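Quick setup: one chain, the form deposited without the named molecule, written in structure tokens, and binding and motion questions come after.
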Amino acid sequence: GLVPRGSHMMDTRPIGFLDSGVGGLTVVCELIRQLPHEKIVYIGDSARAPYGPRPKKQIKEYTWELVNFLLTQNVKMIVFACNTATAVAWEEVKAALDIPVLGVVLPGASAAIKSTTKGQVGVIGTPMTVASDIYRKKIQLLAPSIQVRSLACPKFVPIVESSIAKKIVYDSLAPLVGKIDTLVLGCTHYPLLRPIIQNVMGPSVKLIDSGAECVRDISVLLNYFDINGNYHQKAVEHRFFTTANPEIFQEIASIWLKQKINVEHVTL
């Protein structure tokens, strides 16, 4: 990609995102807001969700299909937005690919480590993510002495897709109130409930948005690897794929991205 009226060539490839559903779209929203000039290719494998309870073998197998589909789309980078896919095959995919491979869990974990005051970290997410305990594992793999308390908030995802909402958050986070100094939003759906969560936890707790942290890593890594696009070139050629139920996918997508986005249904 030659810069118009310019002299240098800049990468024109898009950044790829894989997920077993629509939650990852919030990481996509963060990308658009921070790096408006970067193209996106999103593949949501809802047809085989939930990944969570399935055997590692299948998860590795499904993840790779998502990876290869992204590669056929000529992506310069791949972002894991699915917690289970990240826990099971993120490591091997990253070691094998020739392009940068990132996840959302890692930067959220790291930011928690760097932001805690007394060493009391909280993690809220889905029963599955809390069940895998992946955030605590990543956090403690780097700083084993950090105390991590993880709580499932099963009413959160439904609320995302009102005074009742307020009550629900207050009751769901109650067990955490006053017991931590840092809280990881361990579900990509939760960034939409941030203001209420901040209100329930009080000003004494710092909120860590894993998706935003991840998007910050993307910015530094694109530059580090010299695959950044022209900063003045607004991007719009965004591709969205799903392996199932495109109707609701477009519903949720159009809403969060605040623009009618077009979803393409595909078969892997």
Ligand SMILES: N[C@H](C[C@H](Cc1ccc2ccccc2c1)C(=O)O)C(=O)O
The other form holds:
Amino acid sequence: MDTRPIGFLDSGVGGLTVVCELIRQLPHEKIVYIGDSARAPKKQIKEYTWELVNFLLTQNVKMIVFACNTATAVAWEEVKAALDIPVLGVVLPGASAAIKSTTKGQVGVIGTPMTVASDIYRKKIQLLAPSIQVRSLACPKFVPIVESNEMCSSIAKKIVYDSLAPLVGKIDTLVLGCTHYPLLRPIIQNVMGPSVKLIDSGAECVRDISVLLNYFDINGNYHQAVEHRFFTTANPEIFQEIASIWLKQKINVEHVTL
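Since we've got the form deposited without the named molecule here, give me the form deposited with the named molecule bound too.
A single chain, with no partners or molecules, comes next.
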């Protein structure tokens, strides 16, 4: 019965992969997505996140999903306990998925410099499972390559190659700790080898959403969505581009100023 949309707060266009996963897994659910392209330390990030949470709230969402790994690591738990509606991040489900797929216990997590600096993935993994060895590594060149949509670029494959070098042959499972990275998946697989299982946090988060939607009895109509709404705090046009390619369809973005 609940026709209210699920809200997504991202730091830019990265979270959009989480969205493509939702549309893929729960075609009937409606979406409210706000990506704070503009703006860019920690305490300051909480403030920014809250601004985006309040907006999602004024959009009557039944749920809020932190599609941003950094935001999750900094405010997720706080915002989660301060609201009555469900709030989940992409970090925990990716860590839990990794914990369960590790064969030897040597886990590698890559991601944004800030996500890695927050060291959230390590702290969660070794909190639920202390014995597992976690190896984190920032890949600052990955995000720019994705937004360029030049993944097949042999120039890109080199960056992926050189960037992962430090982890090659040292881990049994690698966590794509940035929602941008699922677009570099094939390349990442090759560079690591078929012996390394890759965990897509965003995708693992969507699989958690259905379970949560059930548990809190707030599902939408399974046979009916189309009323999707996207908000960005800057670069509305470049946003439409990237978003229209990943979601394979032109989408209407609305320039917002919180």
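For clarity, a rigid core is taken as the largest C-alpha set superposing within 1.5 Å between two forms. Positions refer to the first chain, counted from 1.
A 2 Å or larger CA shift between the two forms, after fitting on the rigid core, occurs at just one of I113, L71, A152, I99, namely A152. After superposition on the rigid core, the Cα atom of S172 is displaced by 2 Å or more between the two forms.
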